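It is the complex with one fewer protein chain than it really has, and the rest are unchanged in position.
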Amino acid sequence: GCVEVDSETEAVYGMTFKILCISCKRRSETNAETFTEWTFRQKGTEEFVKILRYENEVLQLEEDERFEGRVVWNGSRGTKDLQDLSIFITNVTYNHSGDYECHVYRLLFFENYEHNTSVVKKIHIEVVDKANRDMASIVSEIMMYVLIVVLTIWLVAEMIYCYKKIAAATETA
Amino acid sequence: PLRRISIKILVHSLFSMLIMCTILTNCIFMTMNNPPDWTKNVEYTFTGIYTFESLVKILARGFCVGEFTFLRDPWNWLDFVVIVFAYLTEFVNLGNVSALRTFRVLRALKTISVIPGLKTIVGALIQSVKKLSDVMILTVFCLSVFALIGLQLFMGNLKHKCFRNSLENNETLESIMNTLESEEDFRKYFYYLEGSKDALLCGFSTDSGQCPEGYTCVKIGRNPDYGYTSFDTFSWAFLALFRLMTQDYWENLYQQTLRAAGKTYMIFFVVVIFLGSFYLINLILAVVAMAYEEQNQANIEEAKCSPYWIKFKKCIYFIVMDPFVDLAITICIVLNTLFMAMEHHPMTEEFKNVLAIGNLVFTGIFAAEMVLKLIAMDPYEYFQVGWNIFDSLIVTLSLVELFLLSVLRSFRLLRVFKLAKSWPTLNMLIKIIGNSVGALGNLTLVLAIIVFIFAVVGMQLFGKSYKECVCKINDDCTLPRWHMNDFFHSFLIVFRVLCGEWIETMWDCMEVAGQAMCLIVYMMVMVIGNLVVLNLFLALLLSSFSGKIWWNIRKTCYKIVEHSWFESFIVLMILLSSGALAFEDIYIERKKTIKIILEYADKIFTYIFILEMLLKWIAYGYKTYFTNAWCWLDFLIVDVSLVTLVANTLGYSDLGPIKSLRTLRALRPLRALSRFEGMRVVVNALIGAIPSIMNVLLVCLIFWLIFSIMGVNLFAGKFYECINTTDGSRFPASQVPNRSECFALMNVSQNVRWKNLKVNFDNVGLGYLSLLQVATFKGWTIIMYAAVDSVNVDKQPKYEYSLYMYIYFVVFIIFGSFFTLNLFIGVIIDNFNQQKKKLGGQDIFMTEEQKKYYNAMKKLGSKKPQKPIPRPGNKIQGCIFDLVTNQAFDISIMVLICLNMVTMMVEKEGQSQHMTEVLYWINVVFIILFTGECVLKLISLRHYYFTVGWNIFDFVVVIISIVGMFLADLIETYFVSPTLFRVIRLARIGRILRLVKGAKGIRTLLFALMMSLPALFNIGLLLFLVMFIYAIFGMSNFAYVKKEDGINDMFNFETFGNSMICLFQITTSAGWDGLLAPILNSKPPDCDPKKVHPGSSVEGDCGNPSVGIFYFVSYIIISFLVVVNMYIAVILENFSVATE
Partner (left out) sequence: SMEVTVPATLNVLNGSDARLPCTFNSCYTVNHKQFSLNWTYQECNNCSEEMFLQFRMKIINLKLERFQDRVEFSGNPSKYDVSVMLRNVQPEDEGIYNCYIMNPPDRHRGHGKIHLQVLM
């Protein structure tokens, strides 16, 4: 089923980038009618501008020139119960750096009950020039190497110790 | 002179069989359920014969002495009360005419006294109940203790219902609840998950969940299952715990309680199952077995052209070739059965005529052998042989079909029983089936009489109400599948209650015809019927049973490998590498940090294990390495690990077999079998028993092959129906009568679909699966329903059109499940006893440490009375000493303990505040008087109070009760935690657990449990390792499968918690059909092969039927063998502690 996974927080210049916003229902059997809207403010500004509004099946992009012709939908297709609102940036620029907001305007459907929910997922990405490897990844790699080498050194130490002891044992006879 | 003729006609087999035949006709008449008008005179002549026999024995016995020697007989009381009731019904009668009509069923109990031997059989049953007494007291005590536990924990949790949020008309919850009563308006305000009778349970905890958006959880309304499933009152808690102890639909209580309260109560259900259900059932079995076996031992020990014709005959006898043609006929029988087994529903006409010519050729061969052997064996000397007369019956029943139905064609299979004289295990099966109607024919007859009595009693009592209005238990206002309106359906219900399926029918029967009467009837059925079935089972079982620096390098490697430091390091790395698999679930694209850490610890672990393997090589030598099963296992696992490592690090390898071998990481826990001696010894026991397992499983495969070929002939392709996919309801069969019409319906509207059952008898493989479901009793009803609805191959099923294939399933259960699992258990206990006699007479599930603890613990069975205590010198202290020591004092203390038990019992959900506070204060005064007797016992025995375990337990429970009340105080003062409040209040049941101190019969069986705890811990280690491996396999494969039935957001294989919960459910075979049902589907529109699954890259929500069937069948079988292991452990330890 759905798993709410957070978006990546570093786009690299001139390349592509997919901004995850996955907002799934508490019960997957319910049938909703969801559409989404995205708001975005550049780094160094205090506002929020609507950029694109996904609907039943069509994605309508606003007149913002920063995203003109370089964003395509990447969420659920043909569902009308979207449950996954992630847009794709093609040819990332240095202007795609700021705080995004993923508005999820869900409308669930029950027996005689039509609920109006609204989930706002906020994603902050920062455009860069070269992809920096994760600090967790690099420390885990160096610690794997340290673990391998230290266990090998402990092994060889115990090996040579028992070797000298059994050598003394066979010299005794 | 009238007494003379009276007694002379009394003592007569003619008179005896007259009475037997009239009561048999009366039993056939009792099943009418709506007798015609003319049967009044028939019942009149029945009661006339009864009165005539009664007055005959009166004339022969009493003769004006007051029928003294007559009524000194206990069996004539029955016929006396029967004629009393008959003449009362004939004369002025009560208004409860049907309630006295059901009293004439005792005429079927007259059979027990009329038929020989049945009096002795029921005498033996009554003698065995007198031994079951104490385990019945113990199971009452355990179900009451666990019912108080479940009450404290889940009081009112089952009332949770996801209620609306936006109530218009400015209404409130109470303003709704007072005004809404029909289920449709209940559904318009609560959740009601689209096809359920009850509303969806919700939860306040974070894991239980999960009210949908726009719905908040609140406990308002009735409990689920008409109100009968709850822990609200102590009586409902006791009923739900008896349901857990008999494991009747206990999986639904499991799922409901977990959904309402929280998944963390998996611990409560684990404890309840693995102690109450298993241990108490096996204690019932052990005491029944001991009683019956001592009965049997005491019983047996207290007992003890003519010359051309002759030339033709000699030539034929010479050509029969004694060493060869019998083997030719045996291989012909095997070929004929394996030729009948290749039949399926979709068959080409070529395959059809192939099978036709094949079976006609085979029956021709068998008829030829028949006629040759009759002419060679003289016909008199020929029929001298029972096997040959059976062959004659079979060949006649076969030739009756060549040029002249299905079941008659399904009788060639009995030929495969001819393999018996060559197959010793099949001979044992034949011997069991023959003893069932031989030495135990009277016990089987008593069982049949009991089932008939209960069937007709249930019918007479409840079949009126069922028709009065089913509209309580059914919305179409038609009879349910399991009712009691007919004798056949009432007998089906009684049979289903002989199996463990009483609760689902008890709910409906309660709703229609009163809780008190339905509880009495069903509990009598359960207790008496299961007692007699267990007696028959145990009877059959027991009756059948009885410089050369290279050498220095090798030595250093040897010391390194066998050092305890290195061994503990390897076990630690095994545990780490195993637990590192639990984190790889569908939520692994979150927590990317721990994802990376595990991805590198993977390489670390495989490096460590490669170094371990190379050290073991250099230390042992390839010879002793590759001649070690454990070393071979470790070597195979590290080989798979190394292949995956090199492939992924080399790249160009994420294709097919590589990603299919990555799944074999779930076998990494298997490296702990070699390390943990507790698991190693149980694996050795299973391995030693596996050959006899294979023999008996071969016999069972051949028997179930007979039954599955029969089932394929009966229901091959008849389970197809075209349900309406919106609600999933078969079409009325008046419109849409067959497949060609449903396809026109599917062209007209889109929501219809001609669908199969996915576990059916379409071929012998699916037949084996369906027989496994019917024999485990988990999933059998959905098969039986479509079977008895079957009409033809491409015909829409009609409701109970067959209705007598229920007989096919009854016969299969009785023979296959009952007899073959009897053979299973018997041969497995026999094998374990042979193994135990081989092992010097030692227990085969305990290591050396465990054997030492076992002996030091079995010493606690001391019979020596200790020195009581030295009395003090002080006068007042000596007075207090006798006051504490007096038996009146201790029995008064036990009486106060029972009164405390009752104080906790009268608690319930929804009580008034006055009731709550008076209960508070009664508990407080109980605690204060318990503490008072404790402290006065102390100031009497200051130094020697603590030298006794039960006195230590008394002090511990006093302390924990005091801290429980003080912690309630501190909670009301400082904290808010209802869950912790309940779990702390749980401590007062310690005072109740002190009842065991006086009841020696309960103390001995509890000591048996403590004796069996070590072996049970070893088997639990092995079972938990198997469950872990299967849980990782589940998380890898069966995550992302559809959530169809039995797999839901609460229970699934999505994460390690969910997967281990479903696996603990399945360990008791419960609901494995439901769990396997969404895995078995593929091939849209059963699923979607390319689904997006947001948050992950894996697509498709279909399961692989092959790996699903293998997974679930193998887990069923391995869990069966390990619970058989536990059952052997508890039986043997109870035998030991009972003898001493």
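A and B label the chains in the order they appear, each numbered from 1.
As a convention for this text, contacts are C-beta pairs under 8 Å (C-beta built on N, C-alpha and C of every residue); 3 or more make two chains touch, one makes a residue touch a chain.
Under the touch definition stated at the start, the shown chains contacted by the missing one in the entire complex are B. From the options B:119, B:188, B:472 or B:559, the residue with contact to the unseen chain in the full assembly is B:472. What subunit B contributes to its contact with the hidden chain is residues 181-182, 465, 468-469, 471-472, 477, 512.
As a working rule, only the chains that are shown with their structure count from here on.
Rounded to whole angstrom units, the spacing between the C-alpha centres of subunit A and subunit B is 47. Note for the complex: subunit A touches subunit B at residues 1-6, 22, 24-30, 75-77, 83-84, 106, 108, 110-113, 115, 117, 134, 136-137, 140-141, 143-144, 147-148, 151-152, 155, 158-159, 162-163, 166-167, 170.
For subunit B in complex with subunit A, the touching residues are 164-166, 187-188, 191-194, 209-214, 552-553, 555-557, 559-560, 586-587, 589-590, 592-593, 596-597, 600-601, 603-604, 607-608, 611, 1040, 1043, 1049, 1054, 1092-1096.
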